[PDB]
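Q: Full structure from sequences and hints, please.
Number of protein chains: 6
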Amino acid sequence: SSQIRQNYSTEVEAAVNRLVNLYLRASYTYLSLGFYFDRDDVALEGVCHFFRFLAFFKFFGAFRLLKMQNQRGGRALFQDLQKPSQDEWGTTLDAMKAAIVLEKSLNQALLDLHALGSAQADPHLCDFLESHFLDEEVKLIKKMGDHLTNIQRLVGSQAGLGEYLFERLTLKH
Amino acid sequence: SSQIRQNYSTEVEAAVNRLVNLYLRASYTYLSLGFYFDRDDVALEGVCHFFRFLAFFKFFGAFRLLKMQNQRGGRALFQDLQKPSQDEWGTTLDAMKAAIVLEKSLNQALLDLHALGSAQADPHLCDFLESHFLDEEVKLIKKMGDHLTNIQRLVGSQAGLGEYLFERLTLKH
Amino acid sequence: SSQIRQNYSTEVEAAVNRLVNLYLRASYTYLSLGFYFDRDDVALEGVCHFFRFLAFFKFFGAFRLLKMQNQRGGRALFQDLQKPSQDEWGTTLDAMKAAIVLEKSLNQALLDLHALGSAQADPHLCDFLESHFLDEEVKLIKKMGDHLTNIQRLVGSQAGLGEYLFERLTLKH
Amino acid sequence: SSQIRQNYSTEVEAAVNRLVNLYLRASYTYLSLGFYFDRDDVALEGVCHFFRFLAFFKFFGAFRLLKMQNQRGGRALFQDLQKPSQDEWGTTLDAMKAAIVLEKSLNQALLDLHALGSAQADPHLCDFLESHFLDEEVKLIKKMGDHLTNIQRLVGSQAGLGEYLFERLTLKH
Amino acid sequence: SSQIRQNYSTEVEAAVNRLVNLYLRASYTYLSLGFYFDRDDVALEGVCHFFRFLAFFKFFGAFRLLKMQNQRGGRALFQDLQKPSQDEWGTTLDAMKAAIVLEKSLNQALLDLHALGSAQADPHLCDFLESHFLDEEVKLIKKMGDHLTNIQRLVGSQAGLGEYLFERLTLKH
Amino acid sequence: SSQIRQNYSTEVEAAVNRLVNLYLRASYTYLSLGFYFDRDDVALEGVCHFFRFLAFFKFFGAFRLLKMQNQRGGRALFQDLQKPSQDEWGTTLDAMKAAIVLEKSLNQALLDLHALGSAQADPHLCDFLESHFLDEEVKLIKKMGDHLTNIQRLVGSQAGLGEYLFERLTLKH
Ligand SMILES: CCN(CC)c1ccc2nc3c4ccccc4c(=O)cc-3oc2c1
Ligand SMILES: CCN(CC)c1ccc2nc3c4ccccc4c(=O)cc-3oc2c1
Ligand SMILES: CCN(CC)c1ccc2nc3c4ccccc4c(=O)cc-3oc2c1
Ligand SMILES: [Cl-]
Ligand SMILES: [Cl-]
Ligand SMILES: [Cl-]
Ligand SMILES: [Cl-]
Ligand SMILES: [Cl-]
Ligand SMILES: [Cl-]
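Chains as they are written, first to last, in the entry's author numbering: chain A, 1 to 173; chain B, 1 to 173; chain C, 1 to 173; chain D, 1 to 173; chain E, 1 to 173; chain F, 1 to 173.
It cannot be assumed that every hint is accurate.
No copy is singled out in the list; a pair is fine if it fits within one copy or between any two copies.
Said to hold, decoys possible - Using 27 angstroms as the maximum straight-line C-alpha spacing, the simulated DSS-like pairs for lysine-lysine come out as follows:
1) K67 to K172
2) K97 to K67
3) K142 to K104
4) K139 to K97
Calculated directly from the structure, the hints in this document are not laboratory data.
A: Dropping the structure here:
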């Protein structure tokens with residue numbers, strides 16, 4: 001089979017491939033989010049930049065997973081990448097809500113894979129997730145929650161004003 | 001006639017002179033826009049600076065056209081320059097709407113001249129427009145559209161507040 | 001419809017979206033190629049790096065296309081991204097042959113889009129492709145052809161030796 | 001009326017607008033002079049540069065006038081800008097003669113406006129002209145007179161030689 | 001046939017080879033011009049340097065054409081290079097007239113090749129000429145026209161004096 | 001005749017012109033060699049660079065000869081330049097064999113011209129060849145012989161491998 005593979009279950013190997021798919025889909029979703037906010041009829045540069053950065057971060061999560069798959073002697077297998085769930089993403093609030101839903105799903109997939117690794121007595125896998133993914137994910141979700149709260153505080157009765165101010169004064173542009 | 005002129009039609013020569021007129025008129029329109037926003041009873045420095053910069057950019061478009069006319073062996077001919085269409089330019093929104101109308105007209109004149117050059121098998125003319133004008137124009141129109149959207153989002157029911165905030169937080173001052 | 005869109009046909013808009021799909025698929029194909037050559041049982045670092053670089057270049061081609069779609073006032077629409085055509089890519093020769101087939105297909109799609117733009121009298125589109133895509137593509141295809149020739153010269157009767165030497169002495173590692 | 005305007009007559013306000021028109025026309029005349037000397041069949045780079053510089057200086061005179069109009073609480077009003085008096089400008093001598101005629105007319109307009117300001121007991125206006133215009137104008141006219149004398153000395157019986165030498169050895173290129 | 005060639009007609013391939021011949025002949029003509037002006041009985045260093053520089057520029061035009069021929073998968077084919085049309089080149093005026101005739105012929109060959117590329121729907125070829133040749137050629141022809149005018153102005157009745165002065169005060173030495 | 005010419009025979013003058021022709025032909029031969037090795041179906045960059053460098057060196061030999069012809073008061077006369085002897089140059093071995101044949105012919109022409117100068121008691125000519133040509137030529141021929149030997153050692157029974165290795169490990173790329 002493999003000359004390096006050791007303590008690396010078929011179940012973990014397949015789950016890692018699934019997780020790569022999920023990260024690449026997330027990157028794709030963020031690519032779509034970023035270009036939507038770049039539209040001339042949306043035009044929220046800070047929001048564009050926030051999601052563009054996340055497209056790159058999620059790609060690099062996939063890349064790290066694939067590197068690890070090879071380091072362990074598993075075989076990368078790629079599947080079709082589903083398009084994002086929407087073509088238009090509504091307001092900054094709508095978009096940030098969709099982003100936290102996405103991130104919570106990615107987090108649950110990380111937790112599930114960690115639990116599989118623990119069941120399989122695969123400490124390298126468990127350490128890998130802990131060291132490179134689980135805290136990054138908690139930090140990201142906390143940032144999105146912070147943003148959601150600030151966006152919600154700004155809606156009030158002048159929604160356009162609040163959306164502009166959030167983009168200008170919170171997000172980097 | 002001319003010792004350098006080669007593959008440069010009378011039709012293109014005249015159209016280039018017309019286009020110089022249009023760019024100089026545009027520069028004049030932007031000069032008027034800039035000084036209107038500098039009025040003590042208007043007083044939107046960022047808006048002033050935005051249109052002042054465009055007066056200079058449109059002059060330099062004219063200048064480049066005239067340089068090219070001479071490089072090709074055509075003869076610059078100047079006409080009367082019509083004053084701008086308004087003496088007072090209303091709100092930032094009104095002004096940005098008038099600017100995008102102006103830019104779309106300049107863009108259509110560029111496209112028309114490109115089509116004439118293509119019909120006349122004048123690739124130097126076509127390349128010149130492509131390289132120095134067509135993308136600059138698309139970029140400018142996209143920026144104005146972005147601005148229009150942000151200004152429109154800010155009107156809401158507190159128009160003065162939105163006009164101040166746009167000037168302060170989007171435009172450079 | 002759109003406040004900026006001008007001289008930008010629905011046919012071009014759709015074709016640009018199709019081309020984005022093709023570039024993202026190409027990026028995905030190169031991602032798979034790169035990780036295959038990173039396998040412990042393949043282990044050709046220079047080949048890995050060559051295809052990894054191309055995954056990034058093709059993503060950035062897609063990104064530029066999407067930026068232009070927005071600059072013109074079109075609407076990015078994303079579709080499902082087909083997985084790559086193979087899970088395992090054979091020898092360096094096999095892989096470089098598959099890469100040139102891919103690149104020739106991307107080149108033909110560029111040429112087709114250029115021809116559509118010309119038919120539609122869309123010089124901005126034509127210039128955009130000429131300036132950012134057509135020469136990059138010719139340069140890439142020429143490099144791949146050079147590589148193919150060198151790989152073919154090295155097969156002889158000691159194929160493993162030739163594959164090692166090409167990776168070590170031509171490709172960057 | 002105006003919240004800042006003080007000691008600023010309607011007569012001065014209108015005269016300042018007229019003077020802006022005259023400076024912009026002068027800039028236009030110099031633009032035409034500059035491009036005439038850039039013709040391949042004229043080809044006197046130093047002369048081109050001399051008049052090009054004056055086109056920019058006269059624009060900036062207009063700009064300063066418009067800035068002052070706003071500082072005083074007057075209202076900029078723009079009129080049609082007459083094309084220059086000639087399409088072709090003859091020899092360097094002809095051109096320098098036309099330039100000094102133009103400058104003397106601008107100087108007389110400055111003097112007239114100064115006299116109006118003095119009659120109206122408008123010392124800010126009087127100081128403004130004295131500080132930014134009257135000496136600049138005297139210096140420019142003296143330079144042109146110097147040039148005229150040197151050009152006239154060079155005509156003799158070898159006019160082409162003299163025109164070349166003046167361009168090469170006096171004017172900056 | 002070729003593993004890289006795509007959208008590159010036999011007609012364009014042959015025309016590119018012809019154009020290489022024309023550029024190399026032009027380089028040869030300029031080599032002869034340069035050494036004629038270096039003769040002890042001609043001795044016009046600035047003129048020598050002007051034509052020497054053009055010999056190098058025309059060689060590099062040929063070189064770029066040959067590089068492109070290979071990038072496209074065509075085959076460079078070289079023919080005999082005709083000697084220049086004269087052994088002695090007369091006055092600076094005669095020489096500059098012969099140079100502009102040469103350049104106009106090269107320009108017409110560029111335009112002809114561009115038209116062939118357009119007819120063949122070869123945008124890479126069209127872009128290549130536009131980007132590297134057509135404007136360089138217009139700029140060169142305009143410079144030569146400028147020079148011709150200055151040389152003609154200097155003939156007058158003291159031709160030797162004018163030829164010396166042009167060499168000393170216009171051309172770089 | 002000439003105001004500087006002294007001790008410079010018609011026989012030497014003509015022979016120098018012949019030698020210029022031979023150097024320019026050699027430059028042309030090397031230009032063809034260089035672009036052949038740049039072909040996508042040849043693709044030996046080090047070989048390309050070796051012959052390209054020689055095209056430039058042989059041009060500069062011609063240039064020095066023409067400079068000397070003028071320094072002595074002779075008259076440069078150019079003839080038609082024959083195309084190179086082949087359109088395709090075979091293997092690196094074939095090409096290096098053709099290069100040493102060419103160089104030996106150029107060397108014999110140098111020796112013949114030296115012998116003519118000696119017979120004519122023209123020490124300046126003799127010194128010129130000795131100082132700028134004869135040792136450069138011996139050094140070049142020795143380098144080519146070294147290369148030939150190394151290429152021959154590498155043929156063995158795996159000719160493609162040897163051709164690759166020579167290009168990669170001996171020639172500069
Ligand atoms: C599989 C197809 N997909 C998902 C849409 C890819 C493929 C490659 C990508 N490569 C990058 C990338 C590469 C280098 C530097 C920065 C970035 C980046 O910010 C985002 C990326 O996103 C990608 C998505
Ligand atoms: C009103 C139409 N007209 C008169 C023909 C203008 C408008 C704008 C101009 N802007 C410049 C300018 C702007 C920035 C930097 C340098 C220059 C310059 O050297 C000359 C100018 O000349 C102008 C004439
Ligand atoms: C007479 C037509 N032929 C022979 C094919 C020429 C003419 C001019 C050339 N000029 C150069 C040259 C010029 C400047 C810097 C580098 C180079 C060079 O590497 C090779 C050259 O090769 C030439 C051949
Ligand atoms: Cl499938
Ligand atoms: Cl009129
Ligand atoms: Cl779907
Ligand atoms: Cl009117
Ligand atoms: Cl022949
Ligand atoms: Cl002949």
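Q: If the cutoff is 27 angstroms on CA atoms, where do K139 and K97 land: within, between, both or neither? Let me know, please.
A: Classified as within; 16 angstroms inside a copy, 31 angstroms across copies.
Q: Classify it for me, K97 with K67: is the Cα-Cα distance of at most 27 angstroms met within a copy, between copies, both or neither?
A: Close across copies (23 angstroms), not inside one copy (31 angstroms); limit 27 angstroms.
Q: Since the copies are identical, ignore which copy is meant and state whether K142 and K104 lie within 27 angstroms (CA to CA) inside a copy, between copies, both or neither.
A: within (11 angstroms within a copy, 33 angstroms between copies)
Q: Quick one: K67 to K172, C-alpha cut-off 27 angstroms, is that within a copy, between copies, both, or neither?
A: between (31 angstroms within a copy, 19 angstroms between copies)
The structure meets every hint from the earlier list without exception.
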